[PDB]
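Please build the complex by placing chains B and C with the ligand on the supplied structure of chain A, with the hints as guidance.
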Amino acid sequence: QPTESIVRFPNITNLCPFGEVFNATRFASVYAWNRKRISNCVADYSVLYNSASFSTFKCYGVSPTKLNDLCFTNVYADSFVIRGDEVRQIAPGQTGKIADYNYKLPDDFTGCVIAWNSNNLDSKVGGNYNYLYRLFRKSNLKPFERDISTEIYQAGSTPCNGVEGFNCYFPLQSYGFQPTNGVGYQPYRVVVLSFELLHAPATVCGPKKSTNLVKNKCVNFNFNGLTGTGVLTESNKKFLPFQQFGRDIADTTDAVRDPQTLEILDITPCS
Amino acid sequence: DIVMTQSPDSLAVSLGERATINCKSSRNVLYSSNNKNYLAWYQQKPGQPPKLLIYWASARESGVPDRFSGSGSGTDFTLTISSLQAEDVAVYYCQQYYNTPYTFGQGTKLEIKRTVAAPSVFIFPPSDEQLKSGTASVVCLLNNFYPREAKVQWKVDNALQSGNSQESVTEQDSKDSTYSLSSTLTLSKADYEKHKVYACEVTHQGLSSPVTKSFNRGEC
Amino acid sequence: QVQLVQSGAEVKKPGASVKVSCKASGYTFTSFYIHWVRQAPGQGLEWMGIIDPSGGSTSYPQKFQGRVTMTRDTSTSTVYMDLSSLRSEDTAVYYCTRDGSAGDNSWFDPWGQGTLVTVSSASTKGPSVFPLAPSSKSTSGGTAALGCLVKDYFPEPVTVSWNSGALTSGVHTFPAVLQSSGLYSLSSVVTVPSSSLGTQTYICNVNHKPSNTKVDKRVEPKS
Ligand SMILES: *[C@@H]1O[C@H](CO)[C@@H](O[C@@H]2O[C@H](CO)[C@@H](O)[C@H](O)[C@H]2NC(C)=O)[C@H](O)[C@H]1NC(C)=O
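Protein chains in written order, with this note's numbering: chain A, -2 to 268; chain B, 8 to 227; chain C, 12 to 234.
Chain A on its own, in the form it takes in the complex:
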């Protein structure tokens, strides 16, 4: 029976700038969605989940809670304006006008989707034409591509030579924002957080600190989001400079590389 518990997380105390993507002012349109990369920081998702000003907070791969117990290598953040009736469209396995033509969320997307109303900040009297959406596109989009080209369309057998008219339309048109319409036409801010994991040292992790390690005892351990129970001892095996954890045959973790020291420890099942 285990006696103590040990945890070991990196020596980093840099707060992650999550407010820059949320609290900024000028945000791009849908078919030119911005992308931000996040790494080498510590983040607290409890305050993000407990905001009380969040119309839609839906996400997959991880539970809304418990998320402070995981470590990832990178974080990607995207943001765009979507009309009220089409917030549902930003979700895996959905077919629609904007998702299929402007930005399609991959099916295996392990991450979170946030959407909230900002009608008091972007609605303009007389028509806000600053935000625009692509309406007319020729081909479907594979996950995670950005299209910027605005070449004229040829929807018929007669080329228009770059002149709008019959069988030739401008793919880009204005939203037509007005605070006097119904709920469906109202805008909503949409932000997508993506996650990834590879065989490389973790960069962005969760809160809570580490403790001193012990050996030659049956102890419950948690190394960088990997939980187990056993006896930690000293061993000797080849470890490539970047590979983190190595496993013995039959998918049993045999050796782990301790962060903050680059030491190699061996796990033996206590009996």
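Hint data in this document are derived by calculation from the structure and do not stem from the laboratory. Check the hints yourself; a few may be wrong.
What the hints assert, rightly or not - Just a few of them, taken from the derived set where beta-carbon distance is under 10 Å, the chain B residues facing chain C: (1) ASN42; (2) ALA47; (3) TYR49; (4) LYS52; (5) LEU59; (6) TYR100; (7) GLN103; (8) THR107; (9) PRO133; (10) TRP161; (11) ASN165; (12) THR191; (13) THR193.
Even for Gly, the Cβ is constructed at its ideal location relative to N, Cα and C.
Then chains B and C with the ligand, alone, in the frame of chain A:
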């Protein structure tokens, strides 16, 4: 990490003789399933980046002559230079690459053995122009001696001094394989006028007795 | 081909930061790793990081975990070694090496030229040159010695010569030493036949490029 200890620290070998340097380890650095050791021997000359000399502990890169060898297994390894020439004087390191520490060695300088020779001693009284600056420096110099070990003792008015002298040693010459040594003694203008006699004493293997090059203020 | 080149030497006050570039040329930039090593003056070699192109770790030992930051660049094919919180024990020479032959291997084959980094609180100033008067009664044999001494210079590129290259045999220039005030001192001597003490002239000249100072002086017999 692995602590690599390399001995002997320094050695002197004549021309055309054997020379061996041993580099030990702390943990067994072989590897089953491949049976390949994990070591590397380097060489560094002053004003030059180290250049790889031996790898795998049993192979040499292209261009290295046959005078350099390498053998060993397990924990202790060895170099065994075959023939020593005048251009083989450098500092040697050993490094292992099986763990993240990337530990190296300590360094083993090489010299050339020769017959013992006696030094020449010369004192230099301070210049008159230097007196206006308020600092007095006295230098007595040793030339063309071997080995390096020589004891220098400064005396003023038959009194021992310490904590106010500096020593500098030149690199071994490429012509006759000898050394020169400089012992500078510095002091202020305030304490120059209350003392009478200054001298330095040399103790060396090649000299039966300490040579006394006495000096006094005023050329008296 | 298969070569790396770095930037020049730097001298800075404690508390500042340091950036060093290791430009690579000859091979495929995104197929091998690269490590950085440092060498204190008169001590052994060390190891202070690792990085690979195409994205990857920047791993450090325990004492360099929260100080060094090693970035990466493509197209330009350069690496950087942003170092912060300098102290007085950092004066050293830095080398950048690559791995070679893939796998688990070190083989630091193509070392760079390395850059010199100095951390000190002193200020740049020009040297002072003085002669060393000989002994007129020293006639040990057919040869005697003269010398000229340079003092209080920083930083420490200093070129000294005798008689504008006329005299080459019998010259001795000693390595510089550190003082308590952070200023260097050095001396040079020359051994010449005693029978021609009062025949030809003798001049020692010194060049210090940091301060762009050239000083010529001439040691002459004493009374
Ligand atoms: C984790 O990071 C801290 C911050 O640099 C390291 O520094 C320790 O914490 C304070 C300084 O902020 C001192 O009271 C300690 O003495 C510091 N440690 C040392 C060794 O000086 C801390 O060491 C790091 N933890 C490690 C390396 O295990």
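Inset, instruction - Let me know if the C-beta of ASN42/B comes in closer than 10 Å to any C-beta of chain C, holds or violated. - result: violated (15 Å)
Legend entry - Satisfaction of the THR191/B interface hint, Cβ to chain C closer than 10 Å: Check passed: Cβ of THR191/B comes within 7 Å of chain C, closer than 10 Å.
Legend entry - Hint validity - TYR100/B Cβ closer than 10 Å to any chain C Cβ: At 7 Å from the nearest chain C Cβ, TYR100/B passes the 10 Å test, so the hint holds.
Inset, instruction - With a cut-off of 10 Å on the beta carbons, see whether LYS52/B makes it to chain C. - result: violated (13 Å)
Legend entry - Interface hint compliance - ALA47/B to chain C, C-beta minimum distance less than 10 Å: Constraint on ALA47/B satisfied, holds at 7 Å.
Inset, instruction - Let me know if the C-beta of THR107/B comes in closer than 10 Å to any C-beta of chain C, holds or violated. - result: holds (7 Å)
Inset, instruction - Please verify that hint: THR193/B, Cβ, nearest Cβ of chain C, below 10 Å or not. - result: holds (9 Å)
Inset, instruction - Hold the hint about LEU59/B up to the distance rule: shortest CB distance to chain C must be less than 10 Å. - result: holds (5 Å)
Legend entry - Supplied contact hint for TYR49/B, tested at 10 Å Cβ to chain C: holds (8 Å)
Inset, instruction - With a cut-off of 10 Å on the beta carbons, see whether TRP161/B makes it to chain C. - result: violated (16 Å)
Inset, instruction - Could you check if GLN103/B really has its C-beta closer than 10 Å to a C-beta on chain C? - result: It holds, given that the least Cβ distance between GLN103/B and chain C is near 8 Å, below 10 Å.
Legend entry - Minimum beta-carbon distance criterion (10 Å), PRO133/B to chain C: Holds: closest Cβ of chain C sits about 8 Å from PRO133/B, inside 10 Å.
Hints 1, 4, 10 and 11 from the earlier list are contradicted by this structure; the remaining hints agree with it.
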